[PDB]
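**Student:** When you get a sec, could you build the whole thing from the sequences and use the hints?
For reference, the chains in residue letters:
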Amino acid sequence: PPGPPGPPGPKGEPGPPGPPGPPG
Amino acid sequence: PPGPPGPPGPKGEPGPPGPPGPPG
Amino acid sequence: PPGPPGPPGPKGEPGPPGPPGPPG
Numbered sequence: 001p002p003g004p005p006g007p008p009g010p011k012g013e014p015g016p017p018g019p020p021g022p023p024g
Numbered sequence: 001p002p003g004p005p006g007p008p009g010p011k012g013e014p015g016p017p018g019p020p021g022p023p024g
Numbered sequence: 001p002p003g004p005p006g007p008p009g010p011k012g013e014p015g016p017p018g019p020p021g022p023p024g
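Chains as they are written, first to last, in the entry's author numbering: chain A, 1 to 24; chain C, 1 to 24; chain B, 1 to 24.
Hints in this document: simulated from the structure, not taken from any laboratory.
It is possible that part of the hints are untrue.
Straight-line distance between alpha carbons at most 30 Å, and here's what the computed DSS-like set of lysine-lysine pairs gives [said to hold, decoys possible]:
no.	chain 1	residue 1	chain 2	residue 2
1	C	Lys11	B	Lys11
2	B	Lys11	A	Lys11
3	C	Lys11	A	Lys11
Between beta-carbon pairs, the in silico distance windows are [stated by the list, open to error]:
no.	chain 1	residue 1	chain 2	residue 2	range
4	B	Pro5	A	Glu13	15 to 21 Å
5	C	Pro2	B	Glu13	46 to 52 Å
6	A	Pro16	C	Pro1	33 to 39 Å
7	C	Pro22	B	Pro5	47 to 53 Å
8	C	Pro22	B	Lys11	30 to 36 Å
9	B	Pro2	A	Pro22	52 to 58 Å
10	B	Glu13	C	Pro20	22 to 28 Å
11	B	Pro16	A	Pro2	39 to 45 Å
12	C	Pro23	B	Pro16	49 to 55 Å
13	A	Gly24	B	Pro5	22 to 28 Å
14	A	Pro17	B	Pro1	42 to 48 Å
15	C	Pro20	B	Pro14	17 to 23 Å
16	B	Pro23	C	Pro16	19 to 25 Å
17	A	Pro7	B	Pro23	21 to 27 Å
Built from N, CA and C at the ideal position, the CB exists for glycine as well.
**Tutor:** Printed below as a string of structure tokens:
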């Protein structure tokens, strides 16, 4: 039979920047 | 033999809101 | 034969804080 499944993949990309902050 | 590493994970979550803007 | 691909990798880390609120 085939070998075992491979390792998990690499971690994903950093998330997007958040939205602009509140008005001053 | 073990299979290949899996695909990259998904992109992270959107970041926090930024800090307050300038006075005015 | 080689095994199959591993699972998708972990989700990426949270994104950075947004920019400061806009002038005015």
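**Student:** Would you mind confirming whether the straight-line C-alpha gap from C/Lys11 to B/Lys11 stays at or under 30 Å?
**Tutor:** 6 Å, holds
**Student:** Could you tell me whether the CB distance from B/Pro2 to A/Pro22 stays inside 52 to 58 Å?
**Tutor:** The hinted range 52 to 58 Å holds for B/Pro2 and A/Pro22, with Cβ atoms some 54 Å apart.
**Student:** Taking 22 to 28 Å as the hint, is the beta-carbon distance of B/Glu13 and C/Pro20 inside that range?
**Tutor:** Holds: the Cβ-Cβ distance is about 25 Å, inside 22 to 28 Å.
**Student:** Please test the hint of 15 to 21 Å on the beta carbon pair from B/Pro5 and A/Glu13.
**Tutor:** 19 Å, holds
**Student:** Should the hint that A/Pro16 and C/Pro1 are 33 to 39 Å apart at their CB atoms be regarded as holding?
**Tutor:** 38 Å, holds
**Student:** Mind checking the hinted window 42 to 48 Å against the Cβ distance between A/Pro17 and B/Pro1?
**Tutor:** 44 Å Cβ-Cβ, so the 42 to 48 Å window holds.
**Student:** Cβ-Cβ distance between C/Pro20 and B/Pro14: within 17 to 23 Å?
**Tutor:** Given a distance of about 20 Å, which is inside 17 to 23 Å, the answer is holds.
**Student:** Determine whether the Cβ-Cβ distance between C/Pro22 and B/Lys11 falls within the hinted range of 30 to 36 Å.
**Tutor:** 35 Å, holds
**Student:** Starting from the hint 47 to 53 Å, judge whether the C-beta atoms of C/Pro22 and B/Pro5 obey it.
**Tutor:** Taking Cβ atoms as reference, C/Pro22 and B/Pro5 lie about 50 Å apart, which means the hint holds.
**Student:** Would you mind confirming whether the straight-line C-alpha gap from B/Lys11 to A/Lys11 stays at or under 30 Å?
**Tutor:** 6 Å, holds
**Student:** Taking the beta carbons of C/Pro2 and B/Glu13, is their distance inside 46 to 52 Å?
**Tutor:** 27 Å, violated
**Student:** For C/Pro23 and B/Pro16, compare the CB-CB distance with the range 49 to 55 Å and indicate the outcome.
**Tutor:** Hint violated: Cβ distance 24 Å, outside 49 to 55 Å.
Going down the numbered hints, you'll see the structure goes against 5, 12, 13, 17, while the others check out.
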